[PDB]
Amino acid sequence: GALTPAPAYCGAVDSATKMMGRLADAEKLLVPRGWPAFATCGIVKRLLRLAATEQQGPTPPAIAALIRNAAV
Amino acid sequence: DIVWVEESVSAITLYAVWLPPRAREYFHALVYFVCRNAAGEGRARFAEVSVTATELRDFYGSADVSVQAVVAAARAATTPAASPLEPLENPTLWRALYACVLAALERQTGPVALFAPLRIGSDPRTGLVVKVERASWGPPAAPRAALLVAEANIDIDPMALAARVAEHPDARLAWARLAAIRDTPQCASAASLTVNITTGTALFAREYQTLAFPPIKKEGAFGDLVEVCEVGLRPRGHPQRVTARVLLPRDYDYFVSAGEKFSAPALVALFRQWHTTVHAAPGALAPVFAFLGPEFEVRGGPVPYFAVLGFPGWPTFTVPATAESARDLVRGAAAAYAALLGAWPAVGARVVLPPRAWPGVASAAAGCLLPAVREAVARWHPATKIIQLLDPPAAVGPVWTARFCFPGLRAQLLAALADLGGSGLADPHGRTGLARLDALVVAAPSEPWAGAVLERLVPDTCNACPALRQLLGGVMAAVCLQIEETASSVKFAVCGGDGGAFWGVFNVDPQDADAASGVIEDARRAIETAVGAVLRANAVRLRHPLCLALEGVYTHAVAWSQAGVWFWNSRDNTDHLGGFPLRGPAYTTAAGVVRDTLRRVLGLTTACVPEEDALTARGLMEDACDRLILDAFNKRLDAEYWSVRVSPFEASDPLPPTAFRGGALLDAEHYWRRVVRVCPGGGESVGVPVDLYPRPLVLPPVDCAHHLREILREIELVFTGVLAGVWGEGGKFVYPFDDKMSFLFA
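Chains as they are written, first to last, in UniProt numbering: chain A, 442 to 480, 497 to 529; chain B, 5 to 750.
One or more hints might be untrue.
Just the calculated beta-carbon pair ranges, DEER-fashion [claimed, not checked]:
1) A:480 x B:226: 32 to 40 Å
2) B:642 x A:448: 31 to 39 Å
3) B:173 x A:449: 28 to 36 Å
4) B:226 x A:470: 41 to 49 Å
5) B:600 x A:526: 40 to 48 Å
6) A:470 x B:220: 25 to 33 Å
7) A:470 x B:642: 18 to 26 Å
8) A:470 x B:397: 26 to 34 Å
9) A:450 x B:619: 53 to 61 Å
The calculated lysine to any residue pairs, modelled on SDA-like cross-linking and capped at a C-alpha distance of 25 Å, are [as the list claims (entries may be wrong)]:
10) B:135 x B:123
11) B:639 x A:518
12) A:502 x B:689
Source of the hints: derived by calculation from the structure; they are not laboratory data. Positions of the beta carbon are idealized from the N, C-alpha and C atoms, including for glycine.
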């Protein structure tokens, strides 16, 4: 259900400068439970890694911190 | 005209350690006896001892320690509000201190024994125990217990932990926390600590937001558990009447705490608050606030424990998990307490003998032996194995193989050699610690609690006295020599082993089983009798009569390394694998895969040219690797399953600066660090300490392209051993993981 026409969009759309900050803010809620800190290529690599991370059971996925929905 | 009573001592704790006037090199120590008479009624008692400097330096093993240092440590431990966690400075100091005070208690006052009948006296003019004697009348009351749960959120600043871990790198994180409380005791004043001690009479529960502040939730009372007792005493050290407050444990006897999430800081904080509350009012002496455990040392320790060296005087036993057999481990902890006087596992190897009296006993035991073993001891170099065995690349079968073991041979031999050096000891009464080891060895087959004690008391004793290793391994070398000599007579053939455990083959026809049992039993009889005869000739006498265990009969056996052996009895399909490291939850699945692949590959005894069998074996081994990596994918997200237990000795991944934020989770780390290698971003593989983060965990995908490589490495070691051991050599089984099935994860 990611490439199935949906009435509205749901995701993280921002310029490189803003998404850089939002990625760090998401990591601030992601670091407490395991994600290592990453102290326009770094941003794309980090976003791809977030998107690739898979769902462990019914728990909301890792990208849900950035996209801000449990249906992701 | 001395008073006389009938009681059983339930605990022995340290109240005061003082240096009397006109004294330079001997300190007095007051001991609190928690005595209970028949039907459980408890009266508190006290005794005094006098430890000299020489005894301290003997139980320490070095002369660095002094009487002034011990008295200063005791004075610092007098007040827990000013400075708790005193043992953390020099843990060996307090270890030796408890050892010597118990030894002097045994010597001067007499024989003591926890949870056992004991006739006790006292001198009213002074008011202390004068002499303890073993009694022989009374069905003593059962050692009742109380279940304790305590959890505290001690807000320790992470950066302090990071700095203290930077000063000493491989510092177990519980030691880091504990040092943080020690350097800032005010942190133990503010914590959301919750305590629930359930007993058989009345329950007691308290809850705090700040520890000093009054409870935000009460239940029962402090008085239901404790009977605060004010006792007057006139020690030889203190001419003036000195009053002591003690917390007599009515209703219960010892504590039972779950070792699953046990926090030594939590109990330390709770007991510090109790100490402050009870000894707030003056006009009386203050006790010693000392506790020991594996969390109190930089490198940690194997067995969880929580020593109670002083306040409150109640032993507390941590029983880790083991829910199915919780009563069994509670009884084991109680027995370990009662037998070794509660020193174990806190005092260490000093329960038996002072660490420095051992250099004498070992020398005194090298003399009473036979002339041959006298040299055999002196020519022992680490891992000599002077016995005809198999080349490590080799395999045998189908021939009737059998594994044998002497249950507890190192412990029994140590006991016999300790008795050989017993005459060489300075004090005949100083051989009571040599009676606990015989009690352990005698009761080892009857009850397993003595076992785990002996599998740690003995290797640690061998580290206390390096010279004892060359004695024990020489006596065991002599045992192996007679094993080999007797083996030829009963058709047995030494093929491998490690001393007490040895596996071999039989020169009987490999098809008959009715007479196989007879030869396998006669070999056991003859080897046991011959080894016992050599030990008797070597003067070494064992308390429990020697017994050989038939640990399995097998038809095929294959060995690759010095410890790796796989045995398989085709008739009943019973197998045994050793030498494969179980360093995690995935290694167990790997071991099962190996033990099935080997069962299928030695089932290829169908008549074929050896060359054909090598290929139809390598194909099956590659297929087993395939089925293992395929199943690995279905558990790629279970980071705990792909976890490795790193020891505090092995090279370890560097701790992420956010693992120092686990709160009441850093305390669980005592020995092992469970690490999983995850792959954030790309290219870089970083280690995550699994048990230092709250659950459920969120992580980047686990780098199975690292763990599976090591698991496969050891699988190829085993498979190269079997391939080059049954059929023709020359084949190193390698699985092309990087090409065939690397894509699944990377």
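Each hint, compared with the structure:
1. A:480 x B:226: 32 to 40 Å: violated (50 Å)
2. B:642 x A:448: 31 to 39 Å: Since residue 642 of chain B and residue 448 of chain A have Cβ atoms about 37 Å apart, the given range 31 to 39 Å holds.
3. B:173 x A:449: 28 to 36 Å: With a Cβ separation near 53 Å, residue 173 of chain B and residue 449 of chain A fall outside 28 to 36 Å, so the hint is violated.
4. B:226 x A:470: 41 to 49 Å: holds (43 Å)
5. B:600 x A:526: 40 to 48 Å: holds (45 Å)
6. A:470 x B:220: 25 to 33 Å: holds (30 Å)
7. A:470 x B:642: 18 to 26 Å: Roughly 23 Å apart at Cβ, these two residues keep to the hinted range, so it holds.
8. A:470 x B:397: 26 to 34 Å: At roughly 55 Å between Cβ atoms, residue 397 of chain B and residue 470 of chain A fall outside 26 to 34 Å, so the hint is violated.
9. A:450 x B:619: 53 to 61 Å: holds (58 Å)
10. B:135 x B:123: holds (8 Å)
11. B:639 x A:518: holds (17 Å)
12. A:502 x B:689: holds (15 Å)
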